[PDB]
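Next up is one chain by itself, shown in structure tokens, the form deposited in one PDB entry.
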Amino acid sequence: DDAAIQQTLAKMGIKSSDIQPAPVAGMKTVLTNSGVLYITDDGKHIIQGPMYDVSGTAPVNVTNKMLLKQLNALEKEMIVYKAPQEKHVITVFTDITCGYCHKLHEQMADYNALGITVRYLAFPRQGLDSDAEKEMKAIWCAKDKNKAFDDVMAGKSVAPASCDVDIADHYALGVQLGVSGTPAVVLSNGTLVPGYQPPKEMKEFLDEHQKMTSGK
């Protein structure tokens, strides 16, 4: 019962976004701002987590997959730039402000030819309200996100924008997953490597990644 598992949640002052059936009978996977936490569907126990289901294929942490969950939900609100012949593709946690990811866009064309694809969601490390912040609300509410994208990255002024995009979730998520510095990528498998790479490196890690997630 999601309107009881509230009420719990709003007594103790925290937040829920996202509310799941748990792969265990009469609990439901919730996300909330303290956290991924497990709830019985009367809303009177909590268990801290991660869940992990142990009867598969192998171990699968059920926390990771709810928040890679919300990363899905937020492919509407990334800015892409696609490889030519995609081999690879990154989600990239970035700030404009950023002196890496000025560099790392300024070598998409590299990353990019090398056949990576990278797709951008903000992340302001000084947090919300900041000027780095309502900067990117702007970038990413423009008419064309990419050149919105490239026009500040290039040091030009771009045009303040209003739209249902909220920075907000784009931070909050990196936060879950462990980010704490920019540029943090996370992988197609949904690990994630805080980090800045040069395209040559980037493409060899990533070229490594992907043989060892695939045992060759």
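Numbering follows the first chain given and starts at 1. By rigid core we mean the largest C-alpha set that fits within 1.5 Å across both forms. What changes on going to the form deposited in another entry:
- Superposing the rigid core between these two forms leaves a single residue from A168, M27, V175, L187 with a C-alpha shift of at least 2 Å: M27.
- Taking the rigid core as fixed, one finds a CA shift for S17 of 2 Å or more between these two forms.
- Comparing the forms between these two forms, the C-alpha position of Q210 differs by less than 2 angstroms, with the core used for superposition.
- After superposition on the rigid core, displacement of the C-alpha of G155 between these two forms stays below 2 Å.
And the form deposited in another entry, for comparison with the form deposited in one PDB entry?
If you are looking for partners or other molecules, they are not here, because only the chain is given.
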């Protein structure tokens, strides 16, 4: 219905829309900066979601599955801190202006020593036309993103690199995934663990989560 949909967004008050297919006849997936919506082809009906596929034994969140493929599409744009002996990979939506994001970053070595790899996406809590977006756009545009991020977090002045990377895409993904604060940890299954967990508590949580969700 593919034009009528954008007329509906153009009175719902919606900016950075992206229309995706949905597994339900007559409906389509609509990714916004405010979340995932489901709209009928004619643009007349909105359903909040998420959506589940129960053509099998368990309910699979199809919304989370689709956002998991967006996330993996953004791996090139992640600032990754590899654990020397990787036991877990976590994705953190972070903001350079946030205090708990400093506290977490200062303990990166501790995370890594425990075998937790941390992959960063940018999530300015101030939203999109902000100084944090600007700073983080610059960091994510560095030749060495790891160094730029470390330097800026440490208080060092870093001349702003420029590239095509768009922090809006990271931010929208976060919002779509349920993020409402930083730092926010997203698990490999797409699970959001809001807020700060010290390295030790983090290792123990991830170990337990792994046991419980492994699949025997």
